[PDB]
Amino acid sequence: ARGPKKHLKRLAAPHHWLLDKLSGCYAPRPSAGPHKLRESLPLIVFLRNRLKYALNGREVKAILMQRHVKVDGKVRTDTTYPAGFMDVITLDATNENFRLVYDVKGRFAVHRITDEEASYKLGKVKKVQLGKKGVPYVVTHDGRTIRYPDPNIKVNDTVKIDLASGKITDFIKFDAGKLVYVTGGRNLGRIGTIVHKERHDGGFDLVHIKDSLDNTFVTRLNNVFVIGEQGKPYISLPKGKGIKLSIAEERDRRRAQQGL
Amino acid sequence: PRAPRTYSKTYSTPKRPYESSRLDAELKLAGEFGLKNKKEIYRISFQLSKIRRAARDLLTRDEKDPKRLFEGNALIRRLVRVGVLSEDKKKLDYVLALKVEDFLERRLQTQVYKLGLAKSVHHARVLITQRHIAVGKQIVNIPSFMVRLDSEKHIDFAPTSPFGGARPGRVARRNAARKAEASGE
Amino acid sequence: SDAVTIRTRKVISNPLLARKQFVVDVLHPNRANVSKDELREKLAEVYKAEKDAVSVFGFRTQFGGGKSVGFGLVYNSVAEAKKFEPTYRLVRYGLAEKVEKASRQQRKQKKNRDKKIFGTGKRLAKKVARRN
RNA sequence: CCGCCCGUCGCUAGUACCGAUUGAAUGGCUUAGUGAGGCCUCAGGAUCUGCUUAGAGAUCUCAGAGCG
RNA sequence: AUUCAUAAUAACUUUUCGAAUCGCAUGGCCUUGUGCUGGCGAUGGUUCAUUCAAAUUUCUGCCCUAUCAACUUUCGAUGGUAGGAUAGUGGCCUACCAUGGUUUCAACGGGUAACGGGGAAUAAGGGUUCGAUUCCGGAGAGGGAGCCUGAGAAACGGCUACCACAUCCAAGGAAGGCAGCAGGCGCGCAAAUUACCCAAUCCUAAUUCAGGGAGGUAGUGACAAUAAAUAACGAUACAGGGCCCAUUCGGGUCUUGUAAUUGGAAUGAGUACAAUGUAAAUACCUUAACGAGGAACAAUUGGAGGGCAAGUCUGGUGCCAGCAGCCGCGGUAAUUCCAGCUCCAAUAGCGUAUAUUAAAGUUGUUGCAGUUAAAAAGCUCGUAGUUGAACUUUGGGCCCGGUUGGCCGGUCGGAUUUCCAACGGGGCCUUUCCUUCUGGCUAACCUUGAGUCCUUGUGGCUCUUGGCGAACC
RNA sequence: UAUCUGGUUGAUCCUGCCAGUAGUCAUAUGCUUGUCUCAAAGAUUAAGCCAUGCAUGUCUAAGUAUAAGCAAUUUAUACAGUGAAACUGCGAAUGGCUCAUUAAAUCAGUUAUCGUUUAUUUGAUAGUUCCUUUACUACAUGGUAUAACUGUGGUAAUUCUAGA
Numbered sequence: 002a003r004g005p006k007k008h009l010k011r012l013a014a015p016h017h018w019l020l021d022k023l024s025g026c027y028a029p030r031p032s033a034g035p036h037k038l039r040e041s042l043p044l045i046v047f048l049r050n051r052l053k054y055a056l057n058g059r060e061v062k063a064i065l066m067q068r069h070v071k072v073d074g075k076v077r078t079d080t081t082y083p084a085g086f087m088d089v090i091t092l093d094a095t096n097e098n099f100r101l102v103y104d105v106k107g108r109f110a111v112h113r114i115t116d117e118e119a120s121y122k123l124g125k126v127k128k129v130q131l132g133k134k135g136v137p138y139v140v141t142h143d144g145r146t147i148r149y150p151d152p153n154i155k156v157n158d159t160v161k162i163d164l165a166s167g168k169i170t171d172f173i174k175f176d177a178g179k180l181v182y183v184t185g186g187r188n189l190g191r192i193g194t195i196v197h198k199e200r201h202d203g204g205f206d207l208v209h210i211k212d213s214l215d216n217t218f219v220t221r222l223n224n225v226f227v228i229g230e231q232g233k234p235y236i237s238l239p240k241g242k243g244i245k246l247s248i249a250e251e252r253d254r255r256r257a258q259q260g261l
Numbered sequence: 002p003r004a005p006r007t008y009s010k011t012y013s014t015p016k017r018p019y020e021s022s023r024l025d026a027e028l029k030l031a032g033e034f035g036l037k038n039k040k041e042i043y044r045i046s047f048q049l050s051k052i053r054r055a056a057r058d059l060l061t062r063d064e065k066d067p068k069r070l071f072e073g074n075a076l077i078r079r080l081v082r083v084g085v086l087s088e089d090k091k092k093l094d095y096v097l098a099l100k101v102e103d104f105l106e107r108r109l110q111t112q113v114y115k116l117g118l119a120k121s122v123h124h125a126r127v128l129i130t131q132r133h134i135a136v137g138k139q140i141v142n143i144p145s146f147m148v149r150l151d152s153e154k155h156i157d158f159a160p161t162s163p164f165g166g167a168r169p170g171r172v173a174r175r176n177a178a179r180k181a182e183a184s185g186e
Numbered sequence: 002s003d004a005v006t007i008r009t010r011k012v013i014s015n016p017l018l019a020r021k022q023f024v025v026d027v028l029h030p031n032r033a034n035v036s037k038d039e040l041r042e043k044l045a046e047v048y049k050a051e052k053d054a055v056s057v058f059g060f061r062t063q064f065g066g067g068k069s070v071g072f073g074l075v076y077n078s079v080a081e082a083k084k085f086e087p088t089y090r091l092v093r094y095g096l097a098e099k100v101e102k103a104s105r106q107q108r109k110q111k112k113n114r115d116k117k118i119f120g121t122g123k124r125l126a127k128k129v130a131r132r133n
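Protein chains in written order, with the deposited numbering: chain S, 2 to 261; chain W, 2 to 186; chain d, 2 to 133.
Worth flagging that the hints you see were computed from the coordinates, not collected in a lab. Note that CB positions come from ideal geometry on N, CA and C, so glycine has one too. One thing to keep in mind: the hints can contain errors.
[As the list claims (entries may be wrong)] Label pairs and their calculated CB-CB ranges:
hint, chain 1, residue 1, chain 2, residue 2, range
1, S, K128, W, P5, 43 to 49 angstroms
2, W, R78, S, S247, 15 to 21 angstroms
3, d, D53, S, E251, 22 to 28 angstroms
4, S, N224, W, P160, 55 to 61 angstroms
5, S, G167, W, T7, 45 to 51 angstroms
6, S, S213, W, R78, 29 to 35 angstroms
7, S, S213, d, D53, 53 to 59 angstroms
8, W, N142, S, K75, 53 to 59 angstroms
9, d, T88, S, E251, 45 to 51 angstroms
10, d, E42, W, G137, 27 to 33 angstroms
11, S, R59, W, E64, 55 to 61 angstroms
12, S, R59, W, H155, 26 to 32 angstroms
13, W, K90, S, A177, 33 to 39 angstroms
Build out the structure end to end from the sequences listed, making use of the hints.
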């Protein structure tokens, strides 16, 4: 209707922000940013709902406007800034560090990380082309272009990004024998290393994946994003380890064993 | 406008309203347990109905099925924690059987009478609806409740109001002060 | 009054706002309601920061009686409390004083009148004076 | 069987249809004729404003003319 | 998959960009001058990607109607050529050329009390009806048409004209739009206050400090729902079971009901100190001080012939008035009318309309009927449509091998462990084709070095000088 | 919660309706009306008309402020505390409202743009323009205006505006 939509209601926003139906009509529309609208998570949502630091929007703004907190080690003062997958949220509150990584149920958990891990992040290369004056370049899932890459780095691979500098510290190739995370959709927040790839002419390369318990499954390659070598993940994984328990194991562990 | 607060009615009326068999039998329950309306009975039979149809839907599928197991165990365990179904028949086929009498037994109106102290069920209801009695620290004022098994031994008079302790009341204030003490000028 | 017994459950320290945030639970048999002012007086026994520096807000009584739940804050210094706490709570605490100005629709009317005048508007008055 | 019942005829009320009206009103579509208004262009140049051979006495209008 | 990214030549530009921008702390240097360099930002800045999107677009599906069988082709119909136009492909539009495209597997027209979905109502299963309405998408802000400005509009709380309504007026002109909030009039069977407030949830701005009937907060609210007060307990007088220790002739707990006979006890509804609640209040939740024993603080709404539960009780009326969804009641004894007594239903909620779902296997695919009840077309041909014989590799084994339950329970009801029957799998051989061929493999090991730390078990951990290319592309 | 029941006959069994029956986020309407929670509420005739008021404005350390403003600068005859007004830049195309038209159109699921625009965020990004880079005009950084403003008015009138 005659241009961009600036407002956004509750309900229209995704289920994995854990937005309660009541206590408001509207939701925070994520601002135009690196990540997409539906996949990403606003900073306000990360603060008041998850971490429980702020109560109101006021308080959130008052926290953000005094610098302190920063995504990618950069000021980032806007309220509804889209913090997406695999982002370092550096805070000065008792030297606390946070990595956004997916959970069992496809949400963003409060997963703390070490001060050494805060240095670097990862990124799935979406295209690699020549820019102006024949200079090749890559582009990650979060738009962080890197000039003068290694010729080994082709499409669908992962890059380790240094944050402090826009550089390629490492790269990992796309095949079996590597630890392989999976985002997007039904099998969102799982790990199973790849068994084998499938070509399919005319788009959509369904990859076959096999977790630690050998409960194999298939997902689409656009939502697949690797991580590291077998038994050597370059990022510290959360509780659950990208396995996904059935409802039986849930009723055994999460409402029987854990009780006092 | 925001999202709606959802709602759905708990009572479910019968098909044939004037029937000699149903009207005579259902009113006995109402007289024994001390239920004010037929609406309460219908509510209880509606919850029971839902449980029944759920059980039937569980049973149409095969044994050793993920859907049938989980849901069965939770349904059965729900019916156990409330105390309607005892420990002997924890089989899922037995929850289909059941009866309305057990449900009314498990209501807090009559559990005060089944303990004792309240003499009549009607008197017990009065006690409950007049802010007396309590499950533990938490006070309850509603005849219908469903006592959750563990709660049974903790049922007694509340700290506020008499029997438990505290002040006497209004009538006793008037007898002690306005009548007994007020004789001497 | 009897027992009283303040219990600050679900304690979170908040370095980024310089405060602590917590759930005040109170056991008050033999008295009607909890009273915020009394809790402000008596919360300094555990934390020690006078009263206005601390703050609190946020309560509700449990069903039946004898008990009250609530949600509250404790700021470290007074200045921080002043700058981070919402403006309306300060009035309740007695620190700030809200300028009780005109009605909302009245202000809107004023705004419309100001829209209807171009520039400063003293020129119009002067023009009228020359006219008569 | 004195049983039932079928229709021509008189009688109260309605009901559609037909319709005197070369009814009347309102709509969409359209023959022919007319067509404002901006928008785009062919022109037009009220006016404002730079430059210059050049006008006046040692970023001065005092003549104009050209170049814009 | 490309005339792609990209580069390099020959060009043109009527000229895109390359900061004449602004703020905080003020230093570090040099043969020492208002000298040379200098951090932390903010806002601009062309291209490229990214984000927000936008625009077009593939396939597949939609309510009734043949008393709507031919439509589209004129000044666009379907297709081609070349241009113009667009951010763009493209009959989108020009000039030329061609004669196509749709269709009874139902086009084209007409109707819709038709915005489309997500859904809702009902429910055995299948269905039928509704979806203006809290979310997504569309369209329009009286009717049409055109346009400025911006990245974005054909915007309407922007403009422009004409049409229809309609306002101020000195008649000279000037200003209009609520299908935003709250209201007023109309039409109505039908619907709320010209209220408070940005404290929330968001949004906009040069932006933590402003603004927002976006929204939130009260009110009005029997549209709908949830819980749920409308009275419990004794004593005395009645027809009783008769119980406790069973010393059967001691006195009262439980009482089944009926009794304005009576004695205390517990409360709310309601009034309100205070506090809480809140942007600020009202409520709620609390709770001092108050507030039950009867016209008190009283509950009704429909029925009482049958369907359908409850009356052949009492008086009036006398086919009159009336009741009656249906059948039927009323002509002077009315179990149906009018009242009153008593009773029944539902019970702060019932009745009455109109629409609709179920029952309606009275639309029927599941699942109707068609001799006589409505219904088989006079009979045959015949195009579409629907349906249409059988027959084109089963068996046998060999192993490998997961799932069921019990002795093996040597672990303390679970199962270490395999014989055992059944149940599904995977290889191989049986004339049986499970696409082939080539560079990395010479891989599923005829290549074998010592083959052994394995009850005289072809059931199972290792390894040298090296062999049959699909286990992957 | 896979259900029936009265009505045509003198009595029967049928076809077949009629009426009963329960539900309704489908409405109205009658009577009655104490509490708590929760709540849709000018859609249906009429996208018929509307008094009047309000609903989109916008500031930081950081674009322009000799307001002939306020309170004073006590580092300021360059302003250099605050700051109405106006200029500039953004916003006003989001929202909220209604459903009149609209039947392969919107629409859902589903692709595609190798037929494209994309403000703004986000990340990268033009040392080669005085094309006589031999004097060429300043690059210690230059010109054209113009609102607010002071003052003179026009009209019956509107967030009408004229000169200087």
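Sort out which numbered hints this structure fails and list those numbers smallest first. Hints 3, 12, 13 contradicted; others consistent.
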